[PDB]
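Given next, in structure tokens, is a single chain: the form deposited without ligand BZI.
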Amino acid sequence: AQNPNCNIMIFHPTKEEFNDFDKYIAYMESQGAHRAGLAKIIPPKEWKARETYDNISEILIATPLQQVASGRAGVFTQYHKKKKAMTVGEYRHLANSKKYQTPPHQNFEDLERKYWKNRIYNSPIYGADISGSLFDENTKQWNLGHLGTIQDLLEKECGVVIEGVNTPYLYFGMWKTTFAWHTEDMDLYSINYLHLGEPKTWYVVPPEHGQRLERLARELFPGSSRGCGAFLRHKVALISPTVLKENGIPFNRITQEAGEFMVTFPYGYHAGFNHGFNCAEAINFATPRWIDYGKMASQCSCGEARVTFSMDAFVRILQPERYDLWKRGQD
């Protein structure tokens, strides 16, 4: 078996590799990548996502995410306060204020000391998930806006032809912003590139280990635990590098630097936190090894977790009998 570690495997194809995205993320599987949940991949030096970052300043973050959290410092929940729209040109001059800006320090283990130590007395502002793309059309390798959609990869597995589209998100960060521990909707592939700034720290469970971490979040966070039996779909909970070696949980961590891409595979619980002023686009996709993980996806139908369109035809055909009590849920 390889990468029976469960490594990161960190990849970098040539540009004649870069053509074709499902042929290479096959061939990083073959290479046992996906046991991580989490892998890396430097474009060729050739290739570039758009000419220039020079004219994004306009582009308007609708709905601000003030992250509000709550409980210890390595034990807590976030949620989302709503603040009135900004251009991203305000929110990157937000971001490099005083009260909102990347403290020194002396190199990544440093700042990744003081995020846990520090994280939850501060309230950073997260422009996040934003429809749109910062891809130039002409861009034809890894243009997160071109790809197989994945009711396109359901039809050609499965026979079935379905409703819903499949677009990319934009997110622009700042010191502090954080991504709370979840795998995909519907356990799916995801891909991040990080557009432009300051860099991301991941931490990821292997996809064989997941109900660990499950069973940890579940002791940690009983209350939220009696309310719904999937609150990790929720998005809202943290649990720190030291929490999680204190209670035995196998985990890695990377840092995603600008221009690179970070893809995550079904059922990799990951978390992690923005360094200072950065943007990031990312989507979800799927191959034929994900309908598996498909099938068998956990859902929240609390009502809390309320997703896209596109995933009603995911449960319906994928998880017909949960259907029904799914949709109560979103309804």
Given for the second form:
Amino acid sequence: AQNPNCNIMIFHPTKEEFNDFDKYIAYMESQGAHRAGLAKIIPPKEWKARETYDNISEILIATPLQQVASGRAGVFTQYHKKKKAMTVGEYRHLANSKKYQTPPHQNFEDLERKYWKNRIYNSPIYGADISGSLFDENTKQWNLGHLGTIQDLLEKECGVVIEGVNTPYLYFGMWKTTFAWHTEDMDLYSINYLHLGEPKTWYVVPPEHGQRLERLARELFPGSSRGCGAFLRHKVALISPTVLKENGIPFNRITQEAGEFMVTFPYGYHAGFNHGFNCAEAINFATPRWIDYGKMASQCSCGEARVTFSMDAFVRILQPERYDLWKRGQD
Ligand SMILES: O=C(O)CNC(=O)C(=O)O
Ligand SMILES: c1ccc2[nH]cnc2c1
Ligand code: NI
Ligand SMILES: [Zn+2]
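Given the form deposited without ligand BZI above, I would also like to look at the protein as it appears in the form deposited with ligand BZI bound.
First the chain shown before, then all remaining chains and molecules of the complex.
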């Protein structure tokens, strides 16, 4: 078996290899990339997402989210407090202000140390889940607004035609903005392009070991676990690399820089944080290998994990026994 230690792999496709998206994902998996839960893809030097980022300041962040932490430095939850709308230009200025800016640091590892030491004592503001794309319509390769849809994949594989759409989301981040431990909706793949700005550090658990992370989470967040059998779907729980190591949970880490893609694989738990002002674009996608993960995905029915209506068809077709209970939670 390829990549038996489940290391995060880094790929450098040629411009010829960058033409056929599906084919390259399949190639990465032939080399064992999926066993890590996360891969980095560095685009060919000839490629670009768009010409410049000089004219993005008028994009609106309708509902910026203030991420307020509770708990201890290495084990905490965060809740999202809604703030007043602001443009990306206003948000960038806020990110760079003395209150929110990245501190002096020696390197990525120094900044990582500072993040886990001090994150809970601040409440950074995030622009998340903003429907849109910053890819030029003329960018033909790895354009996250032009990918084959998950609905068409399900139809090609299983012959069922379903409603729903599949479009990208923008994320504007600042120092200490945080994404909690989670897998994707329906344990789908995701792909994330860092368009502009400071890095994003990722943590990931191999899919074959996801249940180990779930068991630790139940132990560390006991009230949440009693409330919901799939509470990581709520996307509010953080556990530090130090605490993961103390509990023998297998994981890896890597830092994504501007101009790089990351792919997360079905049932690969991931979490992370932003180093400073940045902008990323991400979308879910599927392959034939995903279908069995979609069938087995654990669902939240307690009401906290409200999601887009396009997930309805996924649960309805792949998980008909679970559908009634899940749908009640979406109401
Ligand atoms: O970048 C973020 O804030 C979160 N992104 C993801 O979880 C992803 O791309 O799957
Ligand atoms: C299913 C379909 C589209 C989606 N967009 C975000 N999550 C999704 C799940
Ligand atoms: Ni994700
Ligand atoms: Zn729940």
